[PDB]
Structures are given as structure tokens and as C-alpha cells.
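Next up: just one chain, as C-alpha cells, the form deposited in one PDB entry.
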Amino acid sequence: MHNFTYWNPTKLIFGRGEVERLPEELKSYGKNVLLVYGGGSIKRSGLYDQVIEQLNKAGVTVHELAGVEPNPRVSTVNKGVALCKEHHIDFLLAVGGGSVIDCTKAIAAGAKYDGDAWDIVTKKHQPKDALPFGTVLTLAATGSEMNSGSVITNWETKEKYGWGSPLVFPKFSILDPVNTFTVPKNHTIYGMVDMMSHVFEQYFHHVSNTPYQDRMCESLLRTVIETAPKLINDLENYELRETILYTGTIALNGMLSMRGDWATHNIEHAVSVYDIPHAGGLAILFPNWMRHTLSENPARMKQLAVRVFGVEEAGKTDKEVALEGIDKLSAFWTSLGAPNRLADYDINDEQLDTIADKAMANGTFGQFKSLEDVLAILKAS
């Protein structure tokens, strides 16, 4: 039983060398641009110089906000909002991954808000305006290049919250598979785990009559599973990078959600306190959430076990088939190098209660199961 509204105004520009589309795409906007990026990777790869060149071709007056953290922080958002006020910025260009875009979304909203951007992240102020912005993507993961959501951390309060607004869809996102070539193996693996985890979140629901969405989810998982072993030992293969970029962006922010569970993400956000790799936390927690919630409807995980993970049902219960499917998932991720226990990041049980309390700060959560549940899943991990 579900009604839905779909709306995605982001322009998607896909293909080799399409960073050259920046001047044509920037003509309709002002000439004061704030360039936002993360660590040294864009300068190390040469994408920085590529972009600065195109921003020069567009007669744009460029300011920079470098150093966005892998788990982006409000202090950095506030610094960028300040730069927009100081230099009368008209437009923002995020060059990097999901963290850079999530941060750019908050600066875009924060540049038309009189106060502090943490108000927006916490949903105290619903944005009424935003600067326009665009992206040049360097790794697919969560679909941020083509959705309106953003996850920001407050290092002081040790909180990490997801917010969104219809006003902070990217105007355009330039997706060049070549721009993902320098992503190293570990982050390449993290991106694929995150992509698969997002599909899982959209699959575990109780809405009857989603036959095509189910096949789209299963199709996406199969494609990533086929691609990942070939990609990780051949990181500069255009075709394999193209497939993961396509399935991480347009495929995942398609009609796959056209209601997800998202409990595993909420628990990971709470554990992340530790400032750990997001998708690393997901690889540890997701199989145990699947085990914890299997009974709510074993048919969902059973269908993944049979249609995605090649589990043979002969002489097994529906529960058995599903649990086998979870084991193959975890083994698949572990075979890529992904972690599978909290000890892999040197995390013990000391702060589990504090972590669970943060996860429950906004009440019970989850759709496949409304989640003490949090603590049990943490302990199993």
C-alpha cells in the first residue's frame, strides 16, 4: 500500500571529457563562484587544474573552500557560508565525492540564511532559498550528485544528522568515469558497498506489489556484484569504472524509491563519535540487521538470496535460504577487503550504550522493523 511523488530536476551530464561542459552550463548564472573540494585528491589527480582552466574559460571570479572532511563538519559549512557573503558568491561548484557535495548543499542553503548552518542541518530552519550549485563527481556512492539530501557532522556535539530540501538539488552534475580513476582500492570498495547498501535500504519494506522495483533493485545488485571483483584489480579500466559510476548515480536515484527502511544507516551514523568510514560501518552492521529483522518477513531476504546471491533452496526453510544469502553477502564484501566486525576499526563495547542512545535520540526508527534493538544489533557486530 503506497502512494508516491517523484521529482528530480538535476541535469545529468555523462561522458568522457565532459568537464568541458562547465562554460556552457555556467552561462545562466553569476560570475562569482565558490569552488568547494576535499583533501589533496583533486590537486593530486589534475582535476583541480582542469576545472580551474574551465572556470577561467567562463570568465568566472573563483574563490575556493578546500579541506572538506570525509565526514563533513558544520564549522567548515559555516566557513563556506561566510565566504559566499564576503565575495558575493552567485554559484557553488563541488568537485569531489559525496562528502564535498553534502557540504556544498549546506553552504548553498546557508548562504541565504542569516544565522548558522547547524540550524538547517537540525531541521530547525527549513530553507526558503539557496544559492544554485553544480558538481563534478569523483566517486559514486550514495547518489548525492542527484538527490536533495545531505549528512553533516557537528564535531563539538558529536552529532551527525541527515537533512534535505527541494532547493538543494544540484543544477547539473558532470560525471566522467575518468574522474574516478584515481580513487584507491579501499575507497572504490567503500563506494560499491555504499551503493549496494542503498539498494538494500530501498528493498526491505512491506509494500505489496512492487514487482518491477524489486527486479530493478536485484538487477543493480547483480551488476555491482559482477563488476566489483574485476574492477578492484583493474582500477583504470574505463568500462568497469563507467558501469559503477552509472549504477551509483542515475540507476540508484531513479525510480528505485518510486519507502525505504534506513535503520542500518541510522545506526552507522550514531557509531560514526568514532568518525569511521561510513560504508565500512555499513558492511559490518547490515548483515546483522538483516539477521535481526529476518523474521519480520523472511521472504524479502529469501528473494535476494535466490535472485541475487545464487542460493539453492532445495531442502531448506525460507529462513535457512535467507540466512545463507546473508552469509554470502558478508563473504562477498569481505572478499573485497571490507570489514565485518566492530573490532576491525578497534571499537569495543565501551560506548555501545552511548551510541544506541544517540541512535534513539529522535525516537524509534525503521520501516521494515521499528527499532534495545539497536543495542542488540551493535552487540552482534
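Note that the rigid core is defined as the largest set of C-alphas that superpose within 1.5 Å between two forms. Numbering follows the first chain given and starts at 1. First, how it differs from the form deposited in another entry.
Just one of the listed positions, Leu252, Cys103, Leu175, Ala305, moves its Cα by at least 2 Å between these two forms when the rigid core is held fixed, and it is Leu252. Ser208: CA moves 2 Å or more between these two forms after rigid-core fitting.
Comparing the forms between these two forms on their rigid core, the Cα displacement of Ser295 reaches 2 Å or more. Once both forms are fitted on their core, the CA shift for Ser144 between these two forms remains under 2 Å.
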Given for the second form:
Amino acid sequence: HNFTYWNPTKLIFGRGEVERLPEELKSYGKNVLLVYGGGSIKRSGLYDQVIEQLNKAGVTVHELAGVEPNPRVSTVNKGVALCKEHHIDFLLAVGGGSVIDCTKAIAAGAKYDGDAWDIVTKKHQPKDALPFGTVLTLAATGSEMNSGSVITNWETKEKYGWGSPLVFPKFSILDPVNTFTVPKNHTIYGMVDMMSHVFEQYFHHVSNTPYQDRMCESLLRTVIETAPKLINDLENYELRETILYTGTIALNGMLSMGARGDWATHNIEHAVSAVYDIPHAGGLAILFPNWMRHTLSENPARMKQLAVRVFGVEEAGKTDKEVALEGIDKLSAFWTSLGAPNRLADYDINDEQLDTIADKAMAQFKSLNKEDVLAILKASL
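Since the one above is the form deposited in one PDB entry, can you give the form deposited in another entry too?
A lone chain is what you will see next.
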């Protein structure tokens, strides 16, 4: 997927664009399942606005409320039952990546006569899915315009990504105002996640053009410049707009399907979230820099390039490796300066379960084995 660029979701970006819902729903069925999280959309007033638009569209509404961060497969199965109960034609996901990922799993589960966990574990390949669209309230995992979904089995302590072109969103409404009330920590997590997709793309071997590299470096620089201002001024339209734009539309100009499918490359983060339920991007901030150090290429050209072009590392009097490692230091220091965690200790995680986590994570050049995962976990304590 590294040479494939495919983003078929219709994006509508701007203030008040929830009012485009009736037009976008016109071609779909009238029985709509509205899927959302723990209540933030009611506190912001977005819920009432969505209901108002759904009434204007003449649709019959039922709801699945309470999707959890790191969405549970029990919640997926509950949504599937609601789809059968209410003869749902179309789903509307209003929330963040957990809500959208959950809606994708419901949309596919609705066409499968079995436990939705079979889709997550790739036991059943989806052959059909209900259509759905999104109203994004957190910038920005990419789920609002990609084909992947990451679901937790809390009973077995497993968290796995799966995907299907049948669960690309039909449309996604992207309004910076709808991200105003994302609290500080999840605003940080959203930006850590955005940046991580760009790193994943950049680290591909011999599949980036030089201009694509410039696009990625500029994106990273703009997130880095904007993030400290946003975290101290969370209801600022232009700051929220910058992060929403750079985390959504802009990335269609540089991210391959492989980078948008990078939910297949974070086994360690998944295993830690599977056991302790920490936010995915909190795991990224703790673990990804130590993964970069553990796997830094013996030709550190690509990370050297990022260190110099994004993190302003002065290479005079340094080896290329010193420059590359300094870039990783500056990345982690930047995330920490926003308030991101940088040790498992920050989430009250000690070394008690590192062996079990490594086993769960293990369930080309530089690929990891169990000792690699254990070493990265220990370095992150």
C-alpha cells in the first residue's frame, strides 16, 4: 500500500458545516443509527444540532451512546443488535477515533452473522457493510477518511486493528468549532497521533518523492509551532482550524494508504492499551521515541533529515547519528513540553506485566521479536 493513494471519503470543511447533513443524507436510507461517546457532544451543544439536522433530513433516529475510548467489542456487538432491531440503513458517527472506529465495526458487523470479534481478528473478511458518515469532534486520527478500525476485547485484554475498503466513511464533516471542547490531554494526543502518521510515511524506504518529503517536513513544523499556542488557548478558532486542517485535508497530499493504515504497525502501543486502557497516543508518546532509538537505521539519513529540517538541529561538529538521535530527543522533548507522558510510570505502570505485554504484542528489515519489544518496554518505564 506504500505506492497507493486512496481517500474516497467526501470531506466538508468549515464553520457550521453540520448543516450539510440533510444534503449528504438525501441519497441514503431513512433509518439512521447515531453513534457517539460518553456525553461530550451533549455538553458542547453538538448533539442538539445533529438531532435538528436529522429531523430536517426526515430520518428516523435511534442511538448508540457511550462508546468508550479504546472501543470495546461488546459495544460493537450492541450496535450490531440495534441495527437489526431498528432496520438501520445508515450510521452517523459523531465523535473521535474511538466512535468512528466503533461505527466501522458496527457497519461491518451488521452484515455478518457472527460475533464482530471475528472481523477484528480477521477470522471473517467483511463482504458487505452498512454505509456511514462522520462528524469529527477531535483532530484527528484519520479514521474519518481511512478504512481501518482498532477494537479492544477487554475480557481477553486484546486490541487489534483491521480494515476493509467497505468501511471508508462516505462523508465526513470537519468543523473546527466541533473540536473546541476537546480537553488538553486529548488535544495533545490528537496531535501526537497526527505527527506519528507523518513519521510512518516518511520512514518508508524509497517510496517518497523529494517534494513529498518537503510536504511532510512542513506539516510537522506547522504542528510543532501551533501546538504550544493551542494548549494554552483551547477555544481559539484559528489554532483549532490549523490543527484540524493539517490533520485532515493536508495529509491527503502526502500520506500513502500504507501510512493511513499504520494501525498495523503499533503492536506495542496496542498491547499496553489492551492491558491498561491507556490512550493510544499516550502510548505513542511513551514508546514511539524509544522504538525509533531501538531501530534507528545505520544509515540515519531519513531521521537525520527530520532532525535538521524539522527540529532545527545544527549538524556542525556532530556525527550524522548524533544529529539523528538529537532529533528524536527533540521530538520527545517537544511532546513532553505540551504535557504528553514520557514514561510508563506516568500512567502508574510498572514492570510487573512487561512479559505478558510483549507476548501480546508478538501475537522485513528491522522487524521486532519478543526481546526487542521487552527492551523497548524497559527503556520506557
